[PDB]
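Just one chain is shown here, as structure tokens, and it is the form solved without its partner chain.
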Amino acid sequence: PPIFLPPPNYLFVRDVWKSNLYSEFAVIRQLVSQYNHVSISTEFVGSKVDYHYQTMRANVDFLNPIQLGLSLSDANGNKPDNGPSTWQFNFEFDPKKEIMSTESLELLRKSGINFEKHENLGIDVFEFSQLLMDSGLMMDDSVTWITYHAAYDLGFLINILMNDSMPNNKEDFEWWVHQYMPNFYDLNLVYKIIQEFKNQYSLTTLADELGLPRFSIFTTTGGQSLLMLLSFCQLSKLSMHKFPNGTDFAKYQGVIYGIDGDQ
């Protein structure tokens, strides 16, 4: 597979804590009109379609975000030559909340998580959601959201963006999601149906096939949003946004739980 190496400065992730939360959102705010494609990734500490939704609904208000990544670029994957284009928001964490197993906590450790920094400089999730609401990224179809295994990320996003009044059924959940993100794609789904037309579906195997080096920055939460966006824009470019049968990717815009008829 030909090597795909994006310009070096595209592979930089700016860490965000309570100290630079507002200034970073000020930068996001002025870049979005041009770099209108936004990818998101998350890290939580803690019919088949109706099962997935019910499993998610029963878990969202008990799952607490520790990290969240956002990456911005235009439709062709171009990014600003100066300054950060990917952010890793680190949220506040309570050193005494007895909500985890040592397997998970030790797992997180390796993943590059300093709990002490989260306890003393972690950002407040409500403050973050408020900044996200007014950033210009929500409720605007000129902005395209990119996700991988949406359901849970969006579930969470919607959960914080709203009055914690989570919807009560799949149908109403989808309604709210389309209202906050009128233009979005689940890259995992786009790839699954592509890599199902020629016959793994992980972001990693997708990135390999596109020939993206296994840079370690890609292993962090911020790096993940970055890998996601790079992959979306490249896969899209090589495919002139078409599926192996000529169909346009748009056919799957807004699809979380499967296209109408395959649910």
Given for the second form:
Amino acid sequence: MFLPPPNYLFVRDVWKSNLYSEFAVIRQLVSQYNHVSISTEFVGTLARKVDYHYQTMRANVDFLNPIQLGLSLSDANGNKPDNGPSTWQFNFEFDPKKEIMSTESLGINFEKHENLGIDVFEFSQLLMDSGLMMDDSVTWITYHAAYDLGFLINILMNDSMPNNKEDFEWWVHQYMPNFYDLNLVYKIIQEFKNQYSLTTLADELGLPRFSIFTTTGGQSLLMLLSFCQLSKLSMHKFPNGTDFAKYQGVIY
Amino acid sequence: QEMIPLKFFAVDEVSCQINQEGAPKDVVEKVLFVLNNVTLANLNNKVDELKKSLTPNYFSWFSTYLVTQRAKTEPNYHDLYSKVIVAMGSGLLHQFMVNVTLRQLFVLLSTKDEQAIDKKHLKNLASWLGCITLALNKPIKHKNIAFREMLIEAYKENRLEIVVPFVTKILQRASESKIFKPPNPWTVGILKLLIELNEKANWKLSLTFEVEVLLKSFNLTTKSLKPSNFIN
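Having seen the form solved without its partner chain, could you give me the form solved in complex with its partner chain?
Now the full complex is given, and it begins with the chain already shown.
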């Protein structure tokens, strides 16, 4: 079974007021704690050849606004620093004046995001040169990632999403030259034995359903604990001796 | 030569488990030969030729030689030397190259007496740095250079005449980089500050021209972006 130490189970909320001091912390940590996981959460509801899948994410990401973004840092073994936070939940500005659906119309403190939320443009500047991007010594961990990468890449580009899947893939590989989709790795592992959800993954590893994991910050924590535990068990190998790296850079 | 503190520019170290050695006489001659004869045409052959003598333990020595003795004084050959680095395929070699470039710049930008700064060396090292980072879709880390905070500080310490031309030389290299050209938000945000300074600093014409020339390389003008509001 898997029982991460108590002090790892902590998510630091980031608002406009602490955005900079928290990035300073993230910059010191990245050389040693070079595995980073990401989770996102967006406001509305997605709107109506796996080119159909890409084309819908494209339009949606272009339109919709991410409201929270979760980052967690560990080393290759799931070790985290013993001082200060190593998981963050960035809370983004929310503007009801521009949001189509009313707040009253169909988990989140909308008022707070409105008064205290992060400017996505300031966020993207601090991420660009933080040490996390465009560097294959850093390992990105995602889960069922298309929309997360969609939203993250759109934030970094500060431009329209790419016309097609191939262009989108080009961009992801540049910003994130070393990344895994844990959803895919787990599914390939279960197929050497023939759900795939993260919680089902976490349970299968004997990880307690801590309450900390329910939030966006908490979900990036959970996928990072899981990826690392799972990778330690098998030594980064599939049941047939093949390396996980076989699926580096592949989405879904 | 008296130095001043530089709050937002730092030199780190290259992470490397390998003992880095001065190259022995025989290795030198072999390398200088390649460097001296390589052209865009004979590039990939001169490179594999260079590999047979340049092993990771000599990377630091090569970087220290190429940056201090060649890049600093031969701007016409930056594209060539940059391609040699890429050709070598080593991420470690690239880090040494960047690190040595930061060392050279740190010393220059720290020099208290402007008159003692060789503006040609300064301009060449800034341009070289952009050459092997931004132009190659590789970032310059905030822990090494905090551009926006550097400019704001240069403003209150009256160091703009040195810092601006340095910044604009590096940023120029982003003009053909697919990730770093505008609307890259990192690049745009530095531009907005340059645009703010240009309006508020009441600085000299050569600086105004420097910013206009940078914007033009991105096909923008001082009216294409709203100025930041960091300066009082």
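Residue numbers count along the first chain shown, from 1. We call the rigid core whatever largest set of C-alpha positions still superposes within 1.5 Å between the two forms.
Taking the core as reference between these two forms, the lone member of 99, 75, 133, 162 whose Cα moves by 2 Å or more is 99.
Relative displacement of the residue 63 Cα between these two forms on rigid core alignment is 1.7 Å.
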